[PDB]
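A.B. asks: What follows is the residue order along each chain.
There are 2 protein chains.
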Amino acid sequence: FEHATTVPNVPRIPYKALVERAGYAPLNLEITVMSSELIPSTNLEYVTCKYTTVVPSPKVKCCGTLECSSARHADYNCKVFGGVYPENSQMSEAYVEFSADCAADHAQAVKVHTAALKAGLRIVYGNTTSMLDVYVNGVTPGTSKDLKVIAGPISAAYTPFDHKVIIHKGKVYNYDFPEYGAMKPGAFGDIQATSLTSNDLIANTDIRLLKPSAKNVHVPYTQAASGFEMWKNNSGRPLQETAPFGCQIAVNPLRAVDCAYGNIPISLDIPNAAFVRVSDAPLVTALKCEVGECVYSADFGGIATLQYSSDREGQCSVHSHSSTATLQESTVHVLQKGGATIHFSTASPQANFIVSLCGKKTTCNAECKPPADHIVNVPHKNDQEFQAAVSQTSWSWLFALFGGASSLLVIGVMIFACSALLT
Amino acid sequence: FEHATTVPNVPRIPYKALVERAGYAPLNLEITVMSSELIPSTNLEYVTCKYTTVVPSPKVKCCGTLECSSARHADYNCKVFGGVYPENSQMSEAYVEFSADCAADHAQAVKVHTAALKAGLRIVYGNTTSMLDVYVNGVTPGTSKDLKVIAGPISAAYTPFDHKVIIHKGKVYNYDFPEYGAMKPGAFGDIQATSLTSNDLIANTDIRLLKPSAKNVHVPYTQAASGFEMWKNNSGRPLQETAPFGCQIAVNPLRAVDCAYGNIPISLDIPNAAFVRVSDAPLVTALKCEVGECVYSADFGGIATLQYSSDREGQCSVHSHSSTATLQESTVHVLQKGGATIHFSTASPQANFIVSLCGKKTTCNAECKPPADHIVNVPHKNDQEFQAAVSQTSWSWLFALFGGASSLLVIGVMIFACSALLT
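As given, the protein sequences belong to chains X and Z, one line each in that order. So in my numbering, spot 65 of the first sequence is number 65, and the numbers just go up one at a time. So in my numbering, spot 224 of the second sequence is number 224, and the numbers just go up one at a time.
These are calculated hints, taken from the structure and not from any lab test. Honestly, I wouldn't trust all of these hints.
Each pair may be met inside one copy or between any two copies, as identical chains are not told apart.
Simulated pairs of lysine to any residue, SDA-like, Cα-Cα distance not exceeding 20 Å [as the list claims (entries may be wrong)]:
no.	residue 1	residue 2
1	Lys-145	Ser-69
2	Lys-164	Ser-41
3	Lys-148	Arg-72
4	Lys-148	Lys-184
5	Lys-145	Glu-67
6	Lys-211	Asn-77
7	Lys-337	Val-291
8	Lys-360	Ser-41
Based on the provided sequences and hints, a complete structural model is requested.
C.D. replies: What follows is the structure, encoded as structure tokens:
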């Protein structure tokens, strides 16, 4: 049987629903989203470390002269200084390379295009629970042992990620790194390389060579500082601690785990064998509702009692049809006459919610009192609605005042109409 | 020395320029794009083939009954048919897998994000020709032995490719494959895998079993046909043969070789030692231009004559300033008085351009006769312009024809002014 609802995308908050086929008793539907990783589409441009400057032993002719040419390394500066060390000649050479150990400490400069949308659903229906997952696109079917779910696209696209990103030892940084082979000395990305194994380094360290002047042989040079270490000093906070929806970030493949945004339109194919016809369900009359405390806004400040009358013992499917209150556990063990209890969860001083136990209908009414506790650790479960968050006594005061400011005006214009038509 | 122009993106058609500065003689510049491929960032989802349906030997109990549980396989069907082969029962089961040979023949459902922009320039300056290869974006410098070149981004972005694509044996087909695990039987992408050697074959081929009835043991099954072999019957033409700008496509990394669109703003640093002062080039006065043939638009249908008067004997740098003619060879060995000859390449009925021999600028004037051949292998070296492709005779006809229909209005309103101010 085909049925389609809209799960809200907040992890581990259950969603209640009724599925009914015309000719069958209704049945419960508790759907929860227990994990939601979303995976962007990545590729790596280059891989950065600190340098080590290989300076080989120099070449000196005591009498003749020397020249040297470019070869396959990183930044060269090979100069061929003249008369030195008593005319001799020295040809100094120096070139950077990767550090002694990049296999642990190296940054990756990764680019992020678009995201996938994995999920983690539990579905409880009738007396059967089900563990499954689904790619949230409009077409891919998620199959349980018997049923099939498709999970249409998110109402709004959202990313914690910028277009560029850096992966360090474990941490994820939004930082507009320079493009390939287009680098400045001292900034991030002096040494670039397509992988740790691959060759063809590029470099910009401004390694300048100087004239040697000493009794013993050396080779003098100078260099700007490493840009990667300067960046490690100046790096702010990672995305584990700045992310914009309470999500987490974890990278072996760089996923963002357990966001909280938007809502998932669902569509579900309930198996035909998991129902019951109306010839086996009981019949329910005479629901009324008493309201207890209702100290609102916290978690479960409301307490209400139901009064009912059935024809058998069995199971029913208690369910709210309105959207302000979402009741709890959804299949109450009724008796022939009873007094079962609910827990409201409101966040406004009113109550107008409709209960259907196995086919009936009723209402509730209350006035909710503000709590005396200022700070609490538990998440909300409902949303505020206008024309539901202002107390009815204040509605009466504003209506009386705002209508008294109009009644005299309408009386005046009726006086002018009557006095004109009388002449 | 900094110098910046805009090279039109057409391979193997040279482009002329003069660069100069105060105190030096102008020098030649020929920059010809040789080999310009563009590479888009890709990632593959899944790897499709044909298939073989593994149908193993069945199981039969002579008296008792049988059940079978599922297993980690592909599209897997087991059924447990009852009384048969004179209450014996059989447990038929079958599934599919990749064919005998998919490393040879398989599609790759590559998804294609945006694109990089390599190029292959020839740069000729003075008496030195350099062969480099620049990344076209405004940051990445490309160095020869001595000069440095950056290539600004393309004036207008363009791709032959689409968002999804399918790579067969050597070919590229723009096609919209279904998502991962979102397939229908008898069409493309029945049997998917993230790579060849990996596991997770996902299949919906509608294999269904039948009740056996014979005098020998067998196992009957029906199945919809292979969608991949259905696809190769209906595969159209690859993008080698349908690309939108004459770009070839060859795929080990899926590059789109040799487009022709837009123009590359180049910027360049000429090495300072390859200049020449104003006290070594010959000073040139008294230029004449006797333009000859002008059979325009093909390649080089012009022949002009320079009649000059110089002092020394050396090389001079010849160049057309206006944008309706581009000359050839860009250098002329002068004499003290000579008659050196150029070739124009105009695409208009008028040769109205300015040649400068070594600084002194002179004009050219001719009528250009239409070419006596319809179709020529070499593409155009100039473009058309309104108000420049219209010969002066027709300008005289149109100006006289409009002035005859506009001056008499002035005559009539002066008749109004006369008859009103005299009365």
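A.B. asks: Could you run down the list of hints and mark each one as holding or not?
C.D. replies: Consistency of the hints with the structure:
no.: 1; hint: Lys-145 to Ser-69; result: between (71 Å within a copy, 11 Å between copies)
no.: 2; hint: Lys-164 to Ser-41; result: both (12 Å within a copy, 14 Å between copies)
no.: 3; hint: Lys-148 to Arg-72; result: between (60 Å within a copy, 19 Å between copies)
no.: 4; hint: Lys-148 to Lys-184; result: between (55 Å within a copy, 15 Å between copies)
no.: 5; hint: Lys-145 to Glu-67; result: between (77 Å within a copy, 16 Å between copies)
no.: 6; hint: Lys-211 to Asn-77; result: within (13 Å within a copy, 82 Å between copies)
no.: 7; hint: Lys-337 to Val-291; result: within (18 Å within a copy, 115 Å between copies)
no.: 8; hint: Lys-360 to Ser-41; result: neither (51 Å within a copy, 59 Å between copies)
The structure does not agree with numbered hint 8 stated previously, though it agrees with all others.
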